[PDB]
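Apart from one protein chain that is not included, each protein chain of the complex appears where it belongs.
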Amino acid sequence: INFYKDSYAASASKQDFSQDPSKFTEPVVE
Amino acid sequence: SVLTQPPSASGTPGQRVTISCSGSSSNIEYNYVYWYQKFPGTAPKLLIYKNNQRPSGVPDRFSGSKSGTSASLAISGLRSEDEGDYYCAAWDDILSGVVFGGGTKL
Amino acid sequence: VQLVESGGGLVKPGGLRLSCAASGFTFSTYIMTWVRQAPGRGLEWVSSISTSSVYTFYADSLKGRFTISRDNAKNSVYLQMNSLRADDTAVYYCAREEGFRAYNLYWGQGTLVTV
Amino acid sequence: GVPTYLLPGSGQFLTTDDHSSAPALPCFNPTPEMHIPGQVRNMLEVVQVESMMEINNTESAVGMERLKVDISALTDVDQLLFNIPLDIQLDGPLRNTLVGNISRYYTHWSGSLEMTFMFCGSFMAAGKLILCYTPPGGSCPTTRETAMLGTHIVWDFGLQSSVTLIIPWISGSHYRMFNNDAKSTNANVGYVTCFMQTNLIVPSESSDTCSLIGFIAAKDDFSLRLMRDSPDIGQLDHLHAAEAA
Amino acid sequence: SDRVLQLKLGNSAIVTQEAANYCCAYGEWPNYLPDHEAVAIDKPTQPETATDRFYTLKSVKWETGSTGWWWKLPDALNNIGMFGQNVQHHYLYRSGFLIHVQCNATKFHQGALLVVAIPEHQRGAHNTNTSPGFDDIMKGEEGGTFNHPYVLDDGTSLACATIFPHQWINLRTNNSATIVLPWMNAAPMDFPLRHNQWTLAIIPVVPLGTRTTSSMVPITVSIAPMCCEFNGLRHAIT
Partner (left out) sequence: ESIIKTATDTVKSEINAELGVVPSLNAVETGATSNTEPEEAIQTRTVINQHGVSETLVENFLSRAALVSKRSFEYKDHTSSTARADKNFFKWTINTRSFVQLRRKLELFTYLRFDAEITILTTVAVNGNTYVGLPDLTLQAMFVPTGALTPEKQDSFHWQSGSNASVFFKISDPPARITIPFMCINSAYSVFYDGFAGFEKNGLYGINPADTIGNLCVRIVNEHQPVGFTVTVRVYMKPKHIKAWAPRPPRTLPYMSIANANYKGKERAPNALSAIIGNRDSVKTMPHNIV
């Protein structure tokens, strides 16, 4: 339920299930 | 951050004397108390470590104990060899070093 | 297990090194300390040095005149007392800590440094 | 109008509301979002990174010296080198790691742990070790014949100076929890012991004492539940600067 | 294979025969600022071969007692060659860095150096509420040493410094470590004289040890700036 005219007034975004752990676990150039 | 010992512990006919050590939360309350004997020409000799334990070679004498603070060393026999200068040592967290007390037993 | 010191006897404001040597153990796993006797005064701990030689402890009485060292390759430990005083006349023993702070079970014989 | 009635929980401030609130600044345009390296969307990405274990909890180890254990040449066979208390939700060699720190924000955990050891001795130094994992139930193995019966790996120092000991998820439940009890059945994970497989043989021109560095991570089957307030921080008073409220 | 590596930047080249790999910070390669991310409307300079090239620092050495060394970027390069000239004459800069640490010893030596690149390593003081002063952070081509490398000099943990872009120099395995850093900042460009994006720390987690005859073992740092752009040209500052 969002009846405000601003987008940042919306509720939290709990549906971002993308991830890249190789960004930290294998940052090697292989 | 100071250990405090009685200067003299008399009573040497064969009694059981008690040597005491006064500390604070810096040294004795949370750290182990160690007891060394010292003779005027020999390196210091550990008698009690971790408040009650004796090394291998120390007789069943020299009990040693601690009650929150006020560590106590108890010797039973007061023999001719027992005449020495006993020290209470412990590590101090404020000073970040070791502190001795200093007390000669007669 | 075996410790031997080396030093003593010099003028008032000079300096010297004590250079203890250990033989009966690894020596790269223990914390080595120095302790002076200071005749008339009781035992007082002087300094300590950790195995990695990164941490030194330096009893506060002596301000910056001492600099404890260590050499795990030669199994030796040094003091390098600087700007001596007559108050620094003592017998200096080197000890080996036994896994806990202030827990010394093996001591050197002691070297008398007279100022 | 609409006929309504209020429910229990009306006008309450739950700190986990997830509602929409009133915009204080209308028609505000935020700064355009640009690409920054290293974006995180799940803390499970973070826990999967290796992190040094403080296996040298001894008072004889100061500062950095607590992050490595020293191996020596022994004159007896099958000797134990060190232990690792596997208590994740407690204080120990695993508390100040990434996996440990992030997990102590949560109550439950599941999944396999990753234990890596790097040999940081000389090139001319050789040896074989055996890193064992014991499931819960008994005492920590003090002999190698008792430890070899669990999950172990024998590894020989060589060009690859690192080996991995997988601590598998061997539990009865889906999750393990925290209740401050170390010997609880829902909390205890078991032990990790290292023994000498053969010995550490170094030449007379290499340093006779050589070091291991232990690392701990989590695999991609690891998970966490029921966020906490992290017993790893706390204040008994206000901090230095109080301006102006 | 992964042990032999040659890096050629501008008129400078580095060859290494005992290597491990090189690291790309967060798996990203430096680039130039694109048009959908630009803010400054004047034409950038982009001196490519004059600035994108390896610069070598003062080659610290480590004995028994070493706690570690750090250098702030671009502060460590703000007075070296044409890069340090473009920095003094321009108001904004933007650069990635190619860092190469060298450390050689014999096959009878121990030691493990942790080479970490920390983004925005805000430092702290010890037993003081007063913040660190200007001369405490801005050291230049010579850098500084760690007071307490155990906490990374900010109250954090050195054990967990392995989420930062890092490599190890284990003397029994390799003698060099290479990390490629992209632009890490909240802004597209920045004033190079009042802010550092990166801090390169080298920490001796395992001490240097051997029973052979002792030599001086220096640790050398080569840094190449990558894809440098400069904006806001005016006179030079000292």
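Order as written gives the chain letters A, B, C, D and E; numbering starts at 1 within each chain.
The definition used in the following text is that a residue touches a chain if its C-beta (ideal position, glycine included) is under 8 Å from a C-beta of that chain, and two chains touch if they have at least 3 such contacts.
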> Among the options D:43, D:73 or D:124, which residue touches the chain absent from this view?
Replying inline: D:43
>> Give me the chain B residues in contact with the hidden chain, please.
In response: 26, 30, 93-94, 96
>> Please output the residues of chain E touching the missing chain, sorted low to high.
In response: 2, 20-21, 23, 26, 72, 119-134, 137, 148, 150-170, 173-174, 177, 179, 184, 186-187, 194-196, 199
> What residues on chain A make contact with the chain left out of this view?
Replying inline: 6, 8-14, 16-20, 24-28
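Rule of thumb we're sticking to: only the chains that are shown with their structure count from here on.
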>> Quick check for the class: compute each chain's Cα centroid; which one is farthest from the centroid of chain C?
In response: A
> How many angstrom between the C-alpha centroids of chain E and chain B?
Replying inline: 53
> Between chain B and chain C, what is the gap in Å from one C-alpha centre to the other?
Replying inline: 22
>> Quick check: what residues of chain E touch more than one other chain, meaning two or more?
In response: 25-26, 67, 163, 209-211
>> Going by the contact rule already set, what residues in chain D reach two or more other chains?
In response: 38, 46, 49, 63-64, 207-209
>> Residue numbers of chain A touching chain E in their complex, please.
In response: 20, 22-24, 26-30
> Of all residues in chain D, which touch chain C in the complex?
Replying inline: 58-65, 70, 72, 207-209
>> Can you tell me which positions in chain C touch chain B when the two form their complex?
In response: 33, 35, 37, 41-45, 48, 57-60, 93, 95, 98, 100-105, 107-110
